[PDB]
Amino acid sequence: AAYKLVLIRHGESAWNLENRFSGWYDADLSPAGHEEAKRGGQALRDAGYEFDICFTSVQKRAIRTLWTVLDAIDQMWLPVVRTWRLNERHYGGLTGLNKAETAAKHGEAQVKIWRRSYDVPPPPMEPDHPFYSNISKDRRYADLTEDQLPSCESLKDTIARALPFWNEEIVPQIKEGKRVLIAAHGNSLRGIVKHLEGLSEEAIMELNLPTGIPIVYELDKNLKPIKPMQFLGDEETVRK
């Protein structure tokens, strides 16, 4: 095909171990999630992959995944672009709550509504939320307008602010012939995959991208995939 695109979803984070909603909270990789990134990078190295530019979020679990991959493939010198638009979905007032606290506060009916819905956001992160200043007042978002900084996001919102970055900053690089690597999060990568494959809301909500595994797209000159997404790795890792 004319073009080749590689995605990688970061692995386990510190708060995954606590089954707490991270969202825009900047949780680091757990040691196991770091090892996952190292295995994904080794897969890219064994296949001889070369990139020309990298994109990631402003969250360290994705950035550290990217760093680990670049180290493994000896491409630490590549240009790297970070954007809040590739951030994980913003889970609003659920941020910092674990599974039990969420079910206790909201009930299983409401939690199922949020789980299955494309466009119903969770409650907003209010100024009295324990992570309100930690996230909403972080200087890394100082250049966002009022309408850009979310208090909460549905998946629709997340995809809606990821796709402008895809269209305006990544697509031109791909059509410039640059080999792109994107290291980001489940829901922002969902936005990209939905656009690439023309998936429905139903189909994108049942899509669970594997973590720490390079996801390879072969694209024609209009950035239409010519075959299903492929996973790189040894036989066992790919099967799972």
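Throughout, rigid core stands for the largest set of C-alpha atoms superposing within 1.5 Å between the two forms. Residue numbers count along the first chain shown, from 1. Compared with the form deposited in another entry:
- Core-based superposition between the two forms shows that, of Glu108, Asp143, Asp138, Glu168, only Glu108 has its Cα displaced by 2 Å or more.
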Contents of the next structure:
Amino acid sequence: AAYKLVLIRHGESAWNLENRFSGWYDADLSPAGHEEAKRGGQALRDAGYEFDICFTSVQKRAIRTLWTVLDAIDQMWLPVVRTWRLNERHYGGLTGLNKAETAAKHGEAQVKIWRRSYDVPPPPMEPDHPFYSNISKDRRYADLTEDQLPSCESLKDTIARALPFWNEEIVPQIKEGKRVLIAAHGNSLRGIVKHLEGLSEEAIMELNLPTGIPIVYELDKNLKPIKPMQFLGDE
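Having seen the form deposited in one PDB entry, could you now give me the structure of the form deposited in another entry?
For this one, just the chain is written down, with no partner chains and no other molecules.
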């Protein structure tokens, strides 16, 4: 095909193990997630993948997964661009909560909406929340305007802020023939998947992308996939 694009969701995080909604909280990789990232990088190495530029979020689970992949493929010299627009969805006031206890307190129907719905946001992260200053006052977001800084996001919201970056910064690299690697998060990667494949809201709601596994797209000149996404790794 004209273009090759590779996506990778971060390896397993420390809050993935604690069973807590992370969102914008900056959880690090677990030791297993570090091994998953090292596996995905080895798979790309074995397949002889070359990139020209990498994009990632401002969240260390994604950045570290990128790093681990670039060390595995011996391409640590590549230019890397970070943007909050590739962040995980902002889980709002759910951030830090245990997911089982949240289902216990709110019931299955409400937590299913928050987790799996396309356009219902979680409750806002207000100033009394224990991660308010940790996240909303983090200086990595100093340059967002008041309207850009979310207190919560639905999946639709997350896509609405990820796609302008895809269109303004990523697509021009792809049309140059530069080979792009994007290391990010399930929900921001889903914006790109949905957009590349023209998926409906119901179909994007059903797709889950595994942590730490390279996803390869072969795109034609209109940046439309010429075949289904392929995962890289052993059997």
